[PDB]
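Consider the single chain below, provided in structure tokens and representing the form deposited in one PDB entry.
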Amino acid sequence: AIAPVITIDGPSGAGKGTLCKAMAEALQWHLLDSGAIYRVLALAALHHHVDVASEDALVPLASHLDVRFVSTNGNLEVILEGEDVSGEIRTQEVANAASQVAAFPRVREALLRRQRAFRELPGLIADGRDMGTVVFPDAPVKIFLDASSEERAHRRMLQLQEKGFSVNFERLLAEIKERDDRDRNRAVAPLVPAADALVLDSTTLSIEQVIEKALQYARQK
């Protein structure tokens, strides 16, 4: 046969990570965190002293990327050149370089096959920005998860406060809107929902409500 795919695209902080984890465990399917791929590439670029603003330098790197994602266990592992870098790919230095690296056409092309190879029995839950528009446009189920920038800033703020970091609302809001513009105003694979995508706005919905509506739509298809 051929493996079914559910694509979940959306902006930063929309809750994609949580939803993809809940669905993959519910359905007992495979999970693809596409953002982690651009993040590992960026980190390997930072470590190997490759200029992140140079498409020519990045290609040999993207095409020779030694990385493994260790099979869901309950928590996910990202292994770069044999080292577990799961925590390091989540730092600001990496997320920043990742947006630059992601903006190159030839870099994105070098990563297509790698991503598509995740589609396997019994199915794939793909998390990203362009899963339903570029990598899996043939996806039978497409969901575009969104939320207001103000709500997303508030959510990020409460997270930081739980960890004991000082932050003020105004800066978080400016930071997420900048991430939005770069994602949406991107010339290559910009953040735009698929024509056949279920637009799911979580602004005033709880995590359980998002999950429930997601799995119902998916099963009803």
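Positions refer to the first chain, counted from 1. For clarity, a rigid core is taken as the largest C-alpha set superposing within 1.5 Å between two forms. Compared with the form deposited in another entry:
- For the residue set 31, 157, 176, 46, core-aligned C-alpha shifts between the two forms reach 2 angstroms or more at a single site, 157.
Okay, that was the form deposited in one PDB entry. Show me the form deposited in another entry next.
Chain alone follows, minus partners and molecules.
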């Protein structure tokens, strides 16, 4: 059977993570954090001294990238070539390099085959920026989760806050907008809602109010 897929795209800080796992737990499907794949790529590009600023060098690393994701059971596990990197892939040096890579056209293509392998029966819940417009433009369900930068920033400042880290708001906002821009305006697989994607807005919708509206969207079809 040709495995069904539901795509969740949108900016950083809209709630694609908790959505994505609330949907893969209730539907009983696999999940794809492809965002965790551009982050690991960069991490391998650091630990391997691979000039992250090199298209010709990033490409080999990307197409050979030895990443893995546990079928889990209650939490997620990001394992690079054999070891959990789940804490390391969320630091400053990485989330930077991550968008310092995704930007590479030839690198997005070298990463195209691994991601799509994430589609299997009973289905697949894909997360990212270009999932419903790139990797899975044939998706029978496409959701675009959006917000406001100010709000989505206000969310990163409390998350960074819930672990005891210095967070000034008036700086992170500009970074959000810093990150957003490069994503909404880069030459390949930019951040932009597929013509058939449901632009869902989570700026004032509770987590419950989001999974409920999306679960209801995927569900008729």
